[PDB]
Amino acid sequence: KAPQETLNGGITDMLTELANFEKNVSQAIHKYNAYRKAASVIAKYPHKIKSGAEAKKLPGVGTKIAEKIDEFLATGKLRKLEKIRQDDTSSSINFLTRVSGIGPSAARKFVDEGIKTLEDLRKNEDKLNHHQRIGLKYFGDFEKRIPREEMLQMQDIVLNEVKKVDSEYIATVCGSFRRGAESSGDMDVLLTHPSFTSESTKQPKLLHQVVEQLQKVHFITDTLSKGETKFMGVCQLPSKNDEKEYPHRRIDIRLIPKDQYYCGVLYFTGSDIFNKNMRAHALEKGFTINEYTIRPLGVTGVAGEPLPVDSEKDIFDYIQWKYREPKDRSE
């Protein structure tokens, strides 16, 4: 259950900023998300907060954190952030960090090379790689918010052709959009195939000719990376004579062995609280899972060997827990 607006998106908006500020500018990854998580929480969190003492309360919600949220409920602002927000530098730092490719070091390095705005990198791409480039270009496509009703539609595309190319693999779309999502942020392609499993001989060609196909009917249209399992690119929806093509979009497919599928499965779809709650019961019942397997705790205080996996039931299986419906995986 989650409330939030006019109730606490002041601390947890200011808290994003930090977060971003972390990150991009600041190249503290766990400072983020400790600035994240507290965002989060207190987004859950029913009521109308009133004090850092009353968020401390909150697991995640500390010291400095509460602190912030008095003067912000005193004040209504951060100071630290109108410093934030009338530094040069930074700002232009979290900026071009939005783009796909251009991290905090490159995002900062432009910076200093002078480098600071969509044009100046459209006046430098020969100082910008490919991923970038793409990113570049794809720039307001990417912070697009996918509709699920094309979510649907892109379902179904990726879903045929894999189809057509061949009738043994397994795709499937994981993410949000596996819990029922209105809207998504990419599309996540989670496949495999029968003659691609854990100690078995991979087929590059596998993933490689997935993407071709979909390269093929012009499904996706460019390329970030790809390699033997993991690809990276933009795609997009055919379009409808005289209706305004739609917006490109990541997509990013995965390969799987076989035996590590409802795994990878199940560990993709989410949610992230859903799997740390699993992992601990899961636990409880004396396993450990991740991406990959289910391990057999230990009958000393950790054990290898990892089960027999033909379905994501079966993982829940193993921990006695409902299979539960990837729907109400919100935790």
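Positions refer to the first chain, counted from 1. What changes on going to the form deposited in another entry:
For the two-part rigid motion between the two forms, residue 83 is grouped with residue 64, each C-alpha going to the part with the better superposition fit.
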Contents of the next structure:
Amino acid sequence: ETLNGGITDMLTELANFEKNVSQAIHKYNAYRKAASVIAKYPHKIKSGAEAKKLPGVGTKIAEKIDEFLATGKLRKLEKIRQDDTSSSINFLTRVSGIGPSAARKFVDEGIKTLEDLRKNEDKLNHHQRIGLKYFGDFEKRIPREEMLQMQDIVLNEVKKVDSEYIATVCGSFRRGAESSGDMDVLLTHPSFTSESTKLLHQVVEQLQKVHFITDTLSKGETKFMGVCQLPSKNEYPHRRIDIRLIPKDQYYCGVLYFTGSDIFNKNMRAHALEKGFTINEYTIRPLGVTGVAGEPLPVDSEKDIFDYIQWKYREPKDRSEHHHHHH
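So the form deposited in one PDB entry is up there; where is the form deposited in another entry?
Next comes a single chain, given without company.
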């Protein structure tokens, strides 16, 4: 199935360990980068040397690849898997609301299992209460077929609140994925621009009023994080939904951001820094001589952003990650 899959899984496992157990956020990103680059490499890897040529594979990862190529495993990962404290910390971070820091506190207080975690609800904040409540459903992927029915509801209900709203389903759906992990809804309204001043609320209560949104993780004036569910013919899993209100006049920088992937975005924002610019979901600005962002540059399309940084435009579908296959 997956060309070099053994290696990329290995590197993914290490990344997760550095993040969740070591709290080494930059080592985590080194391994992710490594995993991404190898996955998109179109040849089989014969050695750590070969791999090392790829940007973001260095000495220590080559070594590991050698070890893995030679033995079909990695001793560093055997020791880690066996370490039950590492394994429970890792596990707890898969609940939404719990990161490396809380997962560690919980495990050092004898909370190690799903069963233990439910026993100690009173220890959890609201966000964690809800991620635990839907832990199972949130592990499932969303078929594009079901994404369409959700778009239909979201779009219809936005129009019914105020037809001047425009709602756009971004994330992995806009990239054409046949399944998505969540639903990312990007929202504009002409009253909200970068120079103006309860636009997101209305939409959320409307979506709750017709019982599509079922819970709330967090909510502010511009970003809503919650749970949703299709009505049953006769039940559908609950699902994560992200609703983002961005300023009407910065739609392109915002839709670029909200389309992802995550890895595409940090690579893009990294390539810009070396060219001399800084990008966020609102603007692309030139970095001053002192690394200080200057005034925003004009953007009339997604391609204008790529253009400023001397990148070839890439349609949404080519902003996903890929892997390659062996026979």
